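*Asks:* Each chain, letter by letter, is given below.
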Amino acid sequence: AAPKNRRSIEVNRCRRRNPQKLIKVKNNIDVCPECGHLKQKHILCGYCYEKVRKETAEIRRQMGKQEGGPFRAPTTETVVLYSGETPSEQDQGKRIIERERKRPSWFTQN
Amino acid sequence: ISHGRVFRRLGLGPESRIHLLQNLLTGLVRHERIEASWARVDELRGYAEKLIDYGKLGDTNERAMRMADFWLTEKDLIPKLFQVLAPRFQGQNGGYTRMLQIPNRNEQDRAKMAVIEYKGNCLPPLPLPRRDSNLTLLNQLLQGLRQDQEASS
Amino acid sequence: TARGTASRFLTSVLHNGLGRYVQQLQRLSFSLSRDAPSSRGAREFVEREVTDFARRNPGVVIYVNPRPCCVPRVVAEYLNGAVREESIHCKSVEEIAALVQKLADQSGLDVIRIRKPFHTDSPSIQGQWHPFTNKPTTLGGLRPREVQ
Amino acid sequence: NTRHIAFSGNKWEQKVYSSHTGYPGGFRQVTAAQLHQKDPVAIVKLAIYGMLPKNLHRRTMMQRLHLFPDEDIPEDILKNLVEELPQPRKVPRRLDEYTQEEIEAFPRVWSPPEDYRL
Amino acid sequence: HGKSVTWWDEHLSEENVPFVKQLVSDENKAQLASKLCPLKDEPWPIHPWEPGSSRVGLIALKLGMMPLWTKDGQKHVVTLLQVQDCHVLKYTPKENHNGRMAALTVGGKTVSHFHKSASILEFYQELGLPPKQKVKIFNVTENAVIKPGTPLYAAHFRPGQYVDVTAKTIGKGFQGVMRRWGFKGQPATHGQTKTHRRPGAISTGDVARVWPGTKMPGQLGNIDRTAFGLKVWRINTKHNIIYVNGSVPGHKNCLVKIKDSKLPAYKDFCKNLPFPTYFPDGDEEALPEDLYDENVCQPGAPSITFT
Amino acid sequence: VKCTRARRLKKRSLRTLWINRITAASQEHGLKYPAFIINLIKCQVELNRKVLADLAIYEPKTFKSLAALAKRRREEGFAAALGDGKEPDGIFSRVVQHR
RNA sequence: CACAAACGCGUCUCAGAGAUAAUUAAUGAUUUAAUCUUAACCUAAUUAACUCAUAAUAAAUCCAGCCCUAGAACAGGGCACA
RNA sequence: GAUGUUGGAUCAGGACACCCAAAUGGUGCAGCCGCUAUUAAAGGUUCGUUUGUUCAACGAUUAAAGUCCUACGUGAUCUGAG
RNA sequence: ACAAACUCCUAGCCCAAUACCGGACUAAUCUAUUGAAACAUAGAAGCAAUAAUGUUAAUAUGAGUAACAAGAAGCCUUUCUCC
Ligand SMILES: [Mg+2]
Ligand SMILES: [Mg+2]
Ligand SMILES: [Mg+2]
Ligand SMILES: [Mg+2]
Ligand SMILES: [Mg+2]
Ligand SMILES: [Mg+2]
Ligand SMILES: [Mg+2]
Ligand SMILES: [Mg+2]
Ligand SMILES: [Mg+2]
Ligand SMILES: [Mg+2]
Ligand SMILES: [Mg+2]
Ligand SMILES: [Mg+2]
Ligand SMILES: [Mg+2]
Ligand SMILES: [Mg+2]
Ligand SMILES: [Mg+2]
Ligand SMILES: [Mg+2]
Ligand SMILES: [Mg+2]
Ligand SMILES: [Mg+2]
Ligand SMILES: [Mg+2]
Ligand SMILES: [Mg+2]
Ligand SMILES: [Mg+2]
Ligand SMILES: [Mg+2]
Ligand SMILES: [Mg+2]
Ligand SMILES: [Mg+2]
Ligand SMILES: [Mg+2]
Ligand SMILES: [Mg+2]
Ligand SMILES: [Mg+2]
Ligand SMILES: [Mg+2]
Ligand SMILES: [Mg+2]
Ligand SMILES: [Mg+2]
Ligand SMILES: [Mg+2]
Ligand SMILES: [Mg+2]
Ligand SMILES: [Mg+2]
Ligand SMILES: [Mg+2]
Ligand SMILES: [Mg+2]
Ligand SMILES: [Mg+2]
Ligand SMILES: [Zn+2]
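Chains as they are written, first to last, in PDB author numbering: chain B5, 79 to 188; chain BR, 9 to 161; chain Bg, 2 to 149; chain BN, 61 to 178; chain BE, 42 to 348; chain BU, 51 to 149.
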C-alpha cells in the first residue's frame, strides 16, 4: 500500500509527541547506603557490585596460579587470606589463597 | 497460547536450550558465582537446585551419577559435586541459591542481567540488600505494639 | 482583508470637535533636492503654494529641507503621537497639493478596518432592553405554578 | 404533560420513526403510536430536535430543553420558572363540559317525529 | 516534591515482618469468627415466602471436575464448586438502584490487606471483615434482604435444583479468525499463497466500507458469560462444596458467581429452599455430611443390579 | 475572492438579522412582522429596518409606541374595509401631502 | 497428547411476557332487515418480525518488584496465612 | 499517463417476485396427497460422478435443496482450469 | 411580508467574459546624459514562472517504519556447545 498524502507536521506531532510514546520518569531511584551513589530500589548498586567484581576476579586469577591445568580443580573447599592472617583449625585442611591486599572493609573474615 | 507452560524457549530449540543450560550449570558448578542473562539465569536456577539434590544421593547411586555425567561437562567437576558441594549442604533442604538482579549490561545491547550463586561458596559476599535496622523510627514504633502484645497476654 | 488586519472602533482623538475643533496635524517635513527631477513637482509646490498653505493653517509647522535626496518625501506627524510617511515622488503641483490637504484633515488615527460607522456613548436613553421589559407582572409576584 | 400529546389525522398510525444500529439488518422502523407507548418523551423531543438549525449549537440547546411526561417537576426546576406560555391550540370540549345554560342556549334545529324511536 | 514509590513491606525489619503478618492474620481469624454468629447479633426481619421472590446468590471457587453417576446408569461430569468466604457486603434499597429490585452486594474469598487501596480498606474497617477478592451484585426482592456483614454457606442450595453460573471465561487472548469465529480456512495444498488462514473477503464491492458488525481477529475469551439450566446434584456440608452439572465457564481455581436460575421453567422453585438464606445457628441441628439428590448413586451403595 | 462575494452577502446578512430583531420585538407586543411593517408604512413613516431594530433594542418605549401606532392603523383598516363606505377616514388613515 | 497445557472426534447449556399481518368471529348504526366497522363503544381469536421483562457489566485514584489458567505492548488478577 | 476480465475458494450484505418452517382464504378440498390465492425475509436452502465450465444430466438425500442484487459482490485474501 | 448583478438612493476612478485582436501602464537589469541614500528622461535587451511524469541542489512524507548482527561462561584467551 502506498500513502496517499504527505502528513502534516501537526499530525506528526500528535503521533510522536503522544504521552504513551514519551519516556516516563522512574521513581524507584535511591541512593547507596555505602557509596552514596544511585541505584534503583530492587537492583544491586553498580559501583559496590564493581568493587566486588574486581576482587572476585583477582581471587580467581590467584587460584588459577595455584592450579596447573585447565582441568585441575580441587576436591576440597577453599578459603582466602589477606596480609597478616593465619588459618584457623576450623579452616585448616582446606585449600588456602594468599593475597597481598589487607582485608577490605566490606568483606568479612568468616 | 502459553497457559501453564513451565519453560521459556531459548536458543535454537529444545535441545539447544538444554545444552545452553549445560554450559550455564557447568560454569555455576565450577566458579560458584556467575552473572548472565536474567531469563537464562532465572531458568537455570531450578536445574542448579535439583543437581544438588542429586549430589545428595551419594557417589554410589547410578542414576544420580550418569545424571551428573550429562549435566556437568568438565568431568573434573563431578567430584566437586559429590565431595564438596553436596556435603556442605545438609541441613538446608532448598536454600542453596542466591539470585539477584545486576544493573543492565553496559554493552550496546543492554540486556537484563542477574547473578546466581551457591550459598556458602568462598567468595566476596554479594552486596545484598539489608532490611532497615530496628532503631528506625517506624520499627521502633512497632516494638511498642510488640511489648504491649506481650504485656496483655 | 478583514480577518487579516487589526480593527478599531470609530473614534475621536481627545474627544476632538466636541468643545472646539482642533486640527490634529502638527508638523510636516518636506525633503527634496533643488537639483533632482524627481522632486520637480514638490519644488514648484514649495515655491508657490507652501507659503499660502502656511497662512491657511497656523497650527501646523512646516520644515522644508533641500538635501541631496533622490526620493522626495513628506512626513506628517500628529498630536496623537502618530506619524505618517509619504512620498511626493514625481507628482504634479496639483497632486501634491491635494495630498497635503489629505494629511491636513486626518485624525492621525491609523487606517484599519473600522468595525462600525457610529460611535455612541449611552445609545440607550429611555432604556436598554432586557428580557422582562415587556412582561406583565402578576399579583404577589408568584411563579407560574406557585401557590400561597 | 408530554404523554398527553395530540396527533392530528391518523398520524398516530402512519408516521414512522426510523433509526439504524449500524449493524447489518440492524435497521428499525417504528410506528409513532408504538414509540410514544414505549417512551412518552421521544415524540416531542424529535419534533424539537428536527426543528432547530443543524449546526452544533442544536446539541447545546438540546440541553436547555426539559421534558416531563406528567406534571412532576423537581422543585428545583419549579422554583426557577419565570412565565407561562399560551397553549398553541384551543382544545375542543367534549359534550359533557358545556353548562346546561349553553346547551339550552343553542337552538333545536329539527323537530323529530314523536312516533320515531331513539 | 519527588515523592517516592512505597509499598508496605519496604522499611520493615526482619523482626517486625512476621509480627505484622501474625498481627494481621490473627485479627482476621478474630474478625471472621466474630460474625460467625449471625442470628444472635441483630438479625434483620425475616419475611415469609412471597411467590414472585428472588433469593440472594453466592460467590464460589471453581475446584475441578469429577464424574458422578445416576441410579439409572448414565454417567455425568459435575463441577466442584467451593464457597470459601461468602459475606454480604452492602445493601442498596430498591429505589436507590434499579427502581425495581433492591441489590445485595456480596464478597469472595479473602486476601491480603497490603495489596489493596485505601478507600476500600476503609470501607472494610467500617464493616469489620477481612478483604474479599471478587465483589458482585445480586438483584433481589425486598423480602430476601439480609443484614450486611453476614456469612453465607453452601447449604444455600439444596440438591436437585437448577442454578446459574457467571464467570470470566478462559482467556485465549488475541486469537485468529478461525478460532475467534469458526471460519473455515482456505485449502492448504492446491496452490494457495499466504492464504491458508485469513478471514477471506470482508465485504461487498458497492458498500465500499465495512460494516460495524463484521467478525474479525481480535481479543477472545476474557469476558463474562453465564450458563443456565445447571442441575445441582450433591452438597458437602462440612467443606461447603456444591456439585453442579456439566461445565461451568472459567478456569479452574477462578472466582465464580452462582445464583438460582431465572429461567422460566424454574421460576417458583424458591418456596422449598432456605429463604432468607440458610442459617447454621437457628435450626440448632446438624445437617448430614452430604445431601444427595434422589437420582444419585452414592459413594457407597448397593452397586446397582438391573432387573 | 471569497472576501469580495462576502462583501456583497454582508448586506443580506445584516438585513436578515435586522428583520428577525424587528420581528422579535413586534412579537413581544403580540404583533407579527408583516402587519407591523406595512401598517407602519401606511402611516407615512419611512423608517429603515436598521434604525427600526435599534429602536427595538435601545428604545423599548418609543418602539412600543410605534407598534401601537401600526396596530391602531391596522384595526382602523379592518374597520375601513369592513365599513364599506367612503365617509370615514380613520384619524391615522388620512394621507397627507408635502408643503 | 514427550510441558503442569491447549484441543475434538468429547462433555455441558439455550428462555417467558407483550405486539401485530393476512384472515376469522360477536354487539351494532348510516339504511330502525341485514351487515366483522376507511362507524363509534367495548370486544374477541389470530405468523414472523420487533419492543420489554429478566439476565450480564457495574466498589474513583497503593502499585517498586515477583508470580499468574491475565496478557502482543499497555492494562487485569494475585504476593497475611501455609 | 490502465475502472486487471469467466468460473470456483473464503466471507457474505441486501431484495421478496417465498423453495422450506409459520398464519390463513378457494377448491373440479370427504381423508391422504394435490392444485391455486393471501400474509410473513428472524433462521435455513445438502453430499457426489462428468464438463474450465455457469447452465445442464445423472447417483443419493432432505423441512427444503428459492428467484435475484451487490463493478454478471469479493484477485492490494486466494485460485487460473478457462 | 421575505427574496437578486435588475432598479432607485449617497458618492464616485461610471458597467462580465474563453480563442484571436487593440490600448495604457509597470518589476528588474544594462547603456547615454542627469542623479547622487534610494534616482528621471531616452536607448537596449538572456526583460518578469503556482503548473512541462520540467533539469540540478536541498529538504520533508512513508518512518524512526521495512530491514539488517555477536554460540556460552570465565582466569581474557582457557574451556565448553554445536555445524
Ligand atoms: Mg507462562
Ligand atoms: Mg531466540
Ligand atoms: Mg519463573
Ligand atoms: Mg490467557
Ligand atoms: Mg483446512
Ligand atoms: Mg503455503
Ligand atoms: Mg508467487
Ligand atoms: Mg451594490
Ligand atoms: Mg339490528
Ligand atoms: Mg350479526
Ligand atoms: Mg432490555
Ligand atoms: Mg492490581
Ligand atoms: Mg491516474
Ligand atoms: Mg491504478
Ligand atoms: Mg446471506
Ligand atoms: Mg408479499
Ligand atoms: Mg408452509
Ligand atoms: Mg436470507
Ligand atoms: Mg462453450
Ligand atoms: Mg452446456
Ligand atoms: Mg455444469
Ligand atoms: Mg465478478
Ligand atoms: Mg476472477
Ligand atoms: Mg480489491
Ligand atoms: Mg492457463
Ligand atoms: Mg432586497
Ligand atoms: Mg527569461
Ligand atoms: Mg520559483
Ligand atoms: Mg499557466
Ligand atoms: Mg509517477
Ligand atoms: Mg515544476
Ligand atoms: Mg524521516
Ligand atoms: Mg527499533
Ligand atoms: Mg507503517
Ligand atoms: Mg521488524
Ligand atoms: Mg550469529
Ligand atoms: Zn554502592
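Mixed in with the good hints, there may be bad ones.
A partial selection of chain BU residues facing chain Bg, derived with a Cβ cut-off under 8 Å [stated by the list, open to error]: (1) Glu78; (2) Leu81; (3) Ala85; (4) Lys111.
Derived by calculation from the structure, the hints in this document are not laboratory data.
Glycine included, every Cβ here is placed at the ideal spot set by N, Cα and C.
*Asks:* Now, for every hint given, state plainly whether the structure supports it.
*Replies:* Against the structure, the hints come out as follows:
About 4 Å separates the beta-carbon of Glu78 (chain BU) from the nearest beta-carbon of chain Bg, less than 8 Å, and the hint is met. The interface hint given for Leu81 (chain BU) is violated, since its Cβ lies 12 Å from the closest Cβ of chain Bg, which is over the 8 Å cut-off. Hint status for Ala85 (chain BU): violated, given a least beta-carbon distance of 18 Å to chain Bg, over 8 Å. Contact between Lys111 (chain BU) and chain Bg, as hinted, is supported at the beta carbon level, the nearest pair being about 5 Å apart and thus within 8 Å.
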